[PDB]
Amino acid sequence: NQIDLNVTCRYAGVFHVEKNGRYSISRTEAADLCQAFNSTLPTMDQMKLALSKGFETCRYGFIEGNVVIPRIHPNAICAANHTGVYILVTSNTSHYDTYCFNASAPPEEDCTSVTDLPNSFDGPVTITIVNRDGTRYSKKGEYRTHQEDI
């Protein structure tokens, strides 16, 4: 019973979380997941400031109100070569990665590793935070509050 959470650097408190190496998070699960990191879904303004500090990914993820990809450099296979916060307009499907916002993070680029999941609750799942540099933090718990996400 295991969940891998791949996380990034934080940029003005914003970071990306990919679950089990595939698009697999619902909007309800995304809010609960960010809550386990003492974080919330970023607002579009928070995401734009993170972008301006150096944040970009090549994955769709939830923010408040939309599913987006922050882009700095044009890349043909990432958001159809767009720059800025690219907003997903048309999709049949509901599951993506998520972005999260931690207000107590440093103001600009923070590429230190994440070493805790401070606000998960009691549960049976082995949750493993996986950093980009491979370092890991694991703990037994749960973060999903909606049964349909389990």
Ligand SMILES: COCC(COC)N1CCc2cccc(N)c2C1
The other form holds:
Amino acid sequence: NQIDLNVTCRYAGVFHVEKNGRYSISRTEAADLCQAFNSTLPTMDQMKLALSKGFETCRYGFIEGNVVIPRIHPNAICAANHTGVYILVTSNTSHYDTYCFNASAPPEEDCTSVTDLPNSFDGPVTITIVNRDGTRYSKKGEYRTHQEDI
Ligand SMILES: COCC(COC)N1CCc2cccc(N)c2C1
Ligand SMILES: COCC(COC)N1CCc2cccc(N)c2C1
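Shown: the form deposited without the ligand; wanted: the form deposited with the ligand bound:
What follows is the entire complex, opening with the chain shown before.
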């Protein structure tokens, strides 16, 4: 009973989280996941500011209201070569990665590791935070509050 949460650097408090390295987070799970990081789903304005500080990914993820990919450099296989905050328009499916926003983070690029999931609740799951540099922090707990997400 294990979950890996791969996390990025924060940019103006905004970061990306993927669960088990595949698109697998529902919209309800995304909100609960950010809550476990003492964070919220970013607004579009928060995401735009993060992009301006150097944030980009090649992954669809929830923000408040939309599913997006922040892009700085045009890449043909990431957001169909778009730059800016690319908004997903048409999809059949409901599960993506998520973005999260931590107001207490530094204002610009913070590429230090994440070493806590401060607002997880008690539970039976071994939850591992995996940083891009491989640094890992584990704890037993839970973050999902909706039965359909488990
Ligand atoms: C009825 O559901 C109780 C849930 C959710 O708490 C609101 N938790 C409660 C805390 C907890 C601790 C260790 C193992 C498990 N399974 C659980 C289950
Ligand atoms: C936005 O990045 C999504 C992808 C990048 O694929 C190379 N995953 C790749 C696997 C991984 C492992 C640990 C932390 C992070 N951030 C990541 C990021």
